[PDB]
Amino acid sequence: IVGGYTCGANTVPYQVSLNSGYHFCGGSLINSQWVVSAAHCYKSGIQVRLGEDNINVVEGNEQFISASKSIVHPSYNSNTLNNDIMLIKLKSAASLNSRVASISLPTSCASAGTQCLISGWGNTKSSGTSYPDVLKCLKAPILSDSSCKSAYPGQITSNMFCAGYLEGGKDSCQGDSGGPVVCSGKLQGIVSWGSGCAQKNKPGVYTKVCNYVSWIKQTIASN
């Protein structure tokens, strides 16, 4: 996250770190046994880390649970990033409390102008590299579809939205991928892609979760 603020320990209780020896992507806990992330975060050998603030220090609220199954969306396209969504089943259920909690799926899509919270452990610089150890947060609005398409001609599908600031300076970045965009207490987006970080006229692009609720629910019910 570029241009954000330190969230505070366990203030974003649905935020996950995906670990394969190191943090590589975020995710969101949607019930005691399932996480949603980006398909471009797929790899084998995932450990899901819940209850994290500092990802390099054991602080006492963590739960570390291996994945048993990963399911990439059937229509994910790695070239265009259309349908950039994945489900991960945990080997055992997490223990839910005030610091480790699920986030609700949306019943309706959010409109442009809605303010959302984006979080992650990604790079905090737009030029150069500095990775934080504690969770960072950013408040940002959903942008109109017209502004999004004008920023990325030919690249925005109906399964994507833009959020952020056209003036630049505040955005998600490398290492935030897969993490949550929460608006009015519901998971509306997944950190997906952009051109660089925090550049003028190049806001972040997010997977539009409201288009996937039926697939999520049916997949969880049968796996």
Contents of the next structure:
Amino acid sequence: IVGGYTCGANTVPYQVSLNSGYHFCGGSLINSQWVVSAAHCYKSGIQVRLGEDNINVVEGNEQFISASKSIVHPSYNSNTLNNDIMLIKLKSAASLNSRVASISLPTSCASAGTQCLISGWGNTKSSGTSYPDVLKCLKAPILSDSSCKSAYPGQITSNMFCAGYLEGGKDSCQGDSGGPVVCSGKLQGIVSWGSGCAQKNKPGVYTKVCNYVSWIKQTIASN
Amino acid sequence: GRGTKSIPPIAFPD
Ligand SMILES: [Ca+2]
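Please show me the structure of the same protein in the form deposited with the partner chain bound, now that we have looked at it in the form solved without the partner chain.
Then the entire complex follows, led off by the chain already shown.
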């Protein structure tokens, strides 16, 4: 997150870290056994870290659980980034409490101008690298599909939306992929891609979660 | 010019 703020410990209790000997992407807990992330975060052997604040120090409220299955969308397109959504089933159910909690899936798609919370442990610098110890948060509005396609001509599909600030300085960045975009307590987006980070007229692009609720439910039922 | 936000990122010439 560039231009964000320290969230506060466990204030985003559905935020998870995906770890492979280092933090490499985020995700969102949607029930005791399943996490939503981005398909471009797929790899074998993912370890899911729940209850985290300082990702570099074990503080006491963490639950580490290995992924048993990591299921990319069956039509994920690694070039266009269409359908950039992945479901991770946990080897054992997480213990849900105040600091580890699921986030609701949407019942409708959100509208432009709606304010959302974007979070992660990604880079805090738009040109360089500085990775935070603690979780960072950003409040950002959904932009109109018109503005999104103007920023990214030919590159935005029906399963993507833009959120952020066209003036630059405030955006998700490397290490935030797969994490949540929450609007009015509903998981509306997944950090996916952009042209760099926090650059003028290049807002973040996010997977449109509302289009996948049926696929999510069927996948949970079939695994 | 399109780049994912993973560690490491995949970023294309477009
Ligand atoms: Ca920790």
